[PDB]
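Enquirer: Using the sequences and the hints, build the whole thing.
Single-letter residue listing:
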Amino acid sequence: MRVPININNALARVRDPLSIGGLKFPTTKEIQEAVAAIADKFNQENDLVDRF
Amino acid sequence: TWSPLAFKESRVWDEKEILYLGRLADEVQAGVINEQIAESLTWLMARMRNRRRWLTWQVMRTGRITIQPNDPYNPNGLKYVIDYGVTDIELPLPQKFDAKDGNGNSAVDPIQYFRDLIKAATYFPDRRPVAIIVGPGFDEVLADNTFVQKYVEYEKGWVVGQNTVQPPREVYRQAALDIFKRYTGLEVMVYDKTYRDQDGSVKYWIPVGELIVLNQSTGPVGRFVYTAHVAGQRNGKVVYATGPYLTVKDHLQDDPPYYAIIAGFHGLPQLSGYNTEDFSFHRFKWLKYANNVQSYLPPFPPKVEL
Amino acid sequence: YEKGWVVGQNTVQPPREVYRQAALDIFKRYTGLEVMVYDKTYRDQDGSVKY
Amino acid sequence: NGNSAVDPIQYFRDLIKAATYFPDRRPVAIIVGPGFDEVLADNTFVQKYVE
Amino acid sequence: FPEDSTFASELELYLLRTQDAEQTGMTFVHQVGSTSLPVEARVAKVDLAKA
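Chains as they are written, first to last, in the authors' numbering: chain A, 1 to 52; chain B, 104 to 409; chain C, 257 to 307; chain D, 206 to 256; chain E, 53 to 103.
One thing to keep in mind: the hints can contain errors.
[As the list claims (entries may be wrong)] Derived, one-sided and incomplete: chain C residues facing chain B with beta-carbon distance under 8 Å:
hint: 1; residue: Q277
hint: 2; residue: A278
hint: 3; residue: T287
hint: 4; residue: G288
hint: 5; residue: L289
hint: 6; residue: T297
[To be verified] Straight-line distance between alpha carbons at most 25 Å, and here's what the computed SDA-like set of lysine to any residue pairs gives:
hint: 7; chain 1: B; residue 1: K284; chain 2: C; residue 2: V268
hint: 8; chain 1: B; residue 1: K391; chain 2: B; residue 2: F250
hint: 9; chain 1: E; residue 1: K97; chain 2: B; residue 2: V115
hint: 10; chain 1: E; residue 1: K97; chain 2: B; residue 2: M292
hint: 11; chain 1: E; residue 1: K97; chain 2: B; residue 2: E130
hint: 12; chain 1: D; residue 1: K253; chain 2: B; residue 2: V263
hint: 13; chain 1: B; residue 1: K406; chain 2: A; residue 2: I38
hint: 14; chain 1: B; residue 1: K306; chain 2: D; residue 2: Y254
hint: 15; chain 1: B; residue 1: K284; chain 2: B; residue 2: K388
hint: 16; chain 1: B; residue 1: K391; chain 2: A; residue 2: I38
hint: 17; chain 1: A; residue 1: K41; chain 2: E; residue 2: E74
hint: 18; chain 1: C; residue 1: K296; chain 2: B; residue 2: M292
hint: 19; chain 1: E; residue 1: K102; chain 2: A; residue 2: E33
hint: 20; chain 1: B; residue 1: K306; chain 2: D; residue 2: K253
hint: 21; chain 1: B; residue 1: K222; chain 2: C; residue 2: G264
hint: 22; chain 1: B; residue 1: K296; chain 2: E; residue 2: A73
hint: 23; chain 1: D; residue 1: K222; chain 2: B; residue 2: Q277
hint: 24; chain 1: C; residue 1: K296; chain 2: C; residue 2: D281
hint: 25; chain 1: B; residue 1: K253; chain 2: D; residue 2: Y254
hint: 26; chain 1: B; residue 1: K406; chain 2: E; residue 2: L67
hint: 27; chain 1: B; residue 1: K119; chain 2: B; residue 2: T104
hint: 28; chain 1: D; residue 1: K222; chain 2: B; residue 2: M292
hint: 29; chain 1: B; residue 1: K406; chain 2: D; residue 2: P232
hint: 30; chain 1: B; residue 1: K406; chain 2: D; residue 2: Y254
hint: 31; chain 1: B; residue 1: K391; chain 2: B; residue 2: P195
hint: 32; chain 1: B; residue 1: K203; chain 2: B; residue 2: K253
hint: 33; chain 1: E; residue 1: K102; chain 2: A; residue 2: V49
hint: 34; chain 1: E; residue 1: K97; chain 2: A; residue 2: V49
[What the hints assert, rightly or not] Pairwise CB distance ranges, derived in the manner of DEER restraints:
hint: 35; chain 1: A; residue 1: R2; chain 2: B; residue 2: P360; range: 23 to 29 Å
hint: 36; chain 1: D; residue 1: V244; chain 2: C; residue 2: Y257; range: 48 to 54 Å
hint: 37; chain 1: B; residue 1: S320; chain 2: D; residue 2: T225; range: 45 to 51 Å
hint: 38; chain 1: A; residue 1: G22; chain 2: B; residue 2: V407; range: 30 to 36 Å
hint: 39; chain 1: A; residue 1: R2; chain 2: B; residue 2: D300; range: 21 to 27 Å
hint: 40; chain 1: E; residue 1: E92; chain 2: B; residue 2: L400; range: 29 to 35 Å
Rather than coming from a laboratory, the hints here were simulated on the basis of the structure.
Note that the Cβ used here is the ideal one computed from N, Cα and C, for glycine as well.
Expert: This is the structure:
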């Protein structure tokens, strides 16, 4: 059961809308994005007994 | 005498859930609960395969299968003791294999223990073991005890004062299982899959410190057999079906509209080959061989909860 | 003596299985006898199997 | 006699074992500047491995 | 450390993390005769990060 999310739009809509706080003018910047999968790899089904 | 069991469980989806479901960041139509019910269908399928494997693991583990109202996945509380009548389910070890007294001296001898099990099951030609299926690090218990070290040192000639200085423990465990297999003949299988229980700590399927023993051959110990459930009136009369079923129900016209999926099955494992002259059943046995095996194992990562 | 061992300089301690695999052979070879093993049994009236 | 403190081969072997399930951490290579054999030749556990 | 160069003056990274649910559970047990009961609930999680 995954969260019903679109990762591209959610990953694009975190970037700040206006947010001039630092230098009192908008700076130049570069942004790279990456997602990550998280699972428990060590929860494996008990494949032994169906063989028997 | 033999008699099956029954299993069933349900879902539901109300009107607010079917009508309102959008994606979390995209802006789309009402079409997400269609994709959402398919995961519940697949989850009920895997949820039934887990009870097949659970019943069969329970009969291999304890011989009997025991259901009781304290169980997690039992709301009904149906108490059951289905005693399959395994004669001697466990093998006695008063002092375990990794039990040392004094200064490095061990207590018992594993290779000799399986040797006189084979010898004292001579004229019972069905109690005489063939294979072992042990999961965790088992070579270390063969590598630290006294007698199997003395057998490796007998075989490789490595007397400590004259041939070589002292071999490391790693050189012991890289051949201890092989000399064990050669001096007994029990083909040892390994099965090291794991399940994450509610502690958050990884445990193997074969528990550490225990090994199973098959008693006549490696093969099917009986079978798991389903029985028939109800499917309704193909022509005018009731015609059954046999496997695990899964039923969907539309109530999207009713007040309020809802939607429910129901799956379940009927079945129970059966032990086919019994003894004839006596009514015994010596086909698989357990034994707990050591106590401190987790210290021989690498640690496991925590579950990321983010 | 017959196999070429010593408990200090060739092997550590040979197991009992090698002793019983070689003992009947060296018994036949030293004594010059002939061993006819005979294993057939009969039930007693007490249920106990007896040779 | 010269029985040292830490067996370095067992030390790095324990670092490789205790990062079996942490594959980002399990070390692979090692850079050392000065004379490094001048310490391994003066370590009793390493000398026993050599013997 | 190799050399690369950019005409811009800041670099930020956005990392998103996703923990889908695992299909645990076991089918409930009832006697032939009875109506069914519903299963439990579970949760998946999504987090983010900046640089």
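Enquirer: For every hint, state whether the structure bears it out.
Expert: For each hint, the structure was consulted:
1. With 8 Å as the threshold, the beta carbon of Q277/C stays out of range of chain B, its nearest partner Cβ sitting at about 12 Å, so the hint is violated.
2. Against a cut-off of 8 Å between C-beta atoms, the interface hint on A278/C is violated, since the closest Cβ of chain B lies about 14 Å away.
3. The restraint placing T287/C at the interface with chain B is violated, with a minimum CB-CB distance near 27 Å, outside the 8 Å limit.
4. Look at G288/C: its Cβ only gets to about 31 Å from chain B, farther than 8 Å, so that hint breaks.
5. The interface hint given for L289/C is violated, since its Cβ lies 27 Å from the closest Cβ of chain B, which is over the 8 Å cut-off.
6. The beta carbon of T297/C comes no nearer than 10 Å to any beta carbon in chain B, farther than 8 Å, and the hint placing it at the interface is violated.
7. The hinted pair formed by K284/B and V268/C meets the criterion: a straight-line CA distance of about 21 Å does not exceed 25 Å.
8. Proximity of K391/B to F250/B is assessed by CA-CA distance (about 19 Å); at most 25 Å being required, the pair is judged to hold.
9. Using a Cα cut-off of 25 Å, the hinted pair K97/E and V115/B holds, with the two alpha carbons roughly 23 Å apart.
10. Between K97/E and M292/B, the direct Cα distance comes to roughly 39 Å. Violation of the 25 Å bound is thereby established for this hinted pair.
11. A hinted pair counts as satisfied when its Cα atoms are at most 25 Å apart, and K97/E with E130/B qualifies at roughly 20 Å.
12. Our distance criterion of 25 Å between C-alpha atoms is met by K253/D and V263/B, whose separation comes to about 13 Å.
13. Distance check on the hinted pair: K406/B and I38/A sit about 9 Å apart at the alpha-carbon level, within 25 Å; holds.
14. Among the hinted pairs, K306/B with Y254/D is inconsistent with the structure: their alpha-carbon atoms are about 35 Å apart, more than 25 Å.
15. At roughly 19 Å between alpha-carbon atoms, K284/B and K388/B fall within 25 Å of each other, so this suggested pair holds.
16. The suggested pairing of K391/B with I38/A is violated, with an alpha-carbon distance near 36 Å, which exceeds 25 Å.
17. For the hint linking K41/A to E74/E, the alpha-carbon distance of about 11 Å falls within 25 Å, and the restraint holds.
18. Our distance criterion of 25 Å between C-alpha atoms is broken by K296/C and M292/B, whose separation comes to about 38 Å.
19. This hinted pair checks out: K102/E and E33/A have alpha carbons roughly 9 Å apart, not beyond 25 Å.
20. With a CA separation close to 37 Å, the supplied pair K306/B and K253/D exceeds the 25 Å bound.
21. Restraint check for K222/B and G264/C: not satisfied, since their Cα atoms lie roughly 31 Å apart, outside the 25 Å limit.
22. The suggested pairing of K296/B with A73/E holds, with an alpha-carbon distance near 20 Å, which does not exceed 25 Å.
23. Restraint check for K222/D and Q277/B: satisfied, since their Cα atoms lie roughly 16 Å apart, inside the 25 Å limit.
24. Restraint check: the Cα-Cα separation between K296/C and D281/C comes to about 22 Å, which is no more than 25 Å; the hinted pair holds.
25. Our distance criterion of 25 Å between C-alpha atoms is met by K253/B and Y254/D, whose separation comes to about 21 Å.
26. Under the criterion of a C-alpha separation no larger than 25 Å, the hint pairing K406/B with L67/E is consistent with the structure, at around 19 Å.
27. With a CA separation close to 50 Å, the supplied pair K119/B and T104/B exceeds the 25 Å bound.
28. At roughly 23 Å between alpha-carbon atoms, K222/D and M292/B fall within 25 Å of each other, so this suggested pair holds.
29. Distance hint between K406/B and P232/D is fulfilled; the C-alpha atoms sit about 23 Å from each other, no more than 25 Å.
30. The hinted pair formed by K406/B and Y254/D fails the criterion: a straight-line CA distance of about 39 Å is larger than 25 Å.
31. Among the hinted pairs, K391/B with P195/B is consistent with the structure: their alpha-carbon atoms are about 8 Å apart, no more than 25 Å.
32. For the hint pairing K203/B with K253/B, the CA-to-CA distance comes to about 15 Å; that is within 25 Å, so the pair holds.
33. Between the alpha carbons of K102/E and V49/A the distance comes to roughly 46 Å, so the proposed pair goes past 25 Å and is violated.
34. Proposed proximity of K97/E and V49/A is contradicted: the alpha carbons are some 33 Å apart, above 25 Å.
35. About 25 Å separates the C-beta atoms of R2/A and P360/B, a value consistent with the hinted range of 23 to 29 Å.
36. Look at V244/D against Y257/C: about 51 Å separates their beta carbons, and that is inside 48 to 54 Å.
37. At about 35 Å, the beta-carbon gap between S320/B and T225/D misses the expected band of 45 to 51 Å.
38. Checked against the given bound of 30 to 36 Å, the beta carbons of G22/A and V407/B, roughly 33 Å apart, stay inside it.
39. The beta-carbon spacing between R2/A and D300/B, approximately 24 Å, falls within the hinted interval of 21 to 27 Å.
40. For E92/E and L400/B, the Cβ-Cβ distance of about 32 Å falls inside the hinted range of 29 to 35 Å, so the restraint holds.
Violated hints, in rising order: 1, 2, 3, 4, 5, 6, 10, 14, 16, 18, 20, 21, 27, 30, 33, 34 and 37; the structure is consistent with all others.
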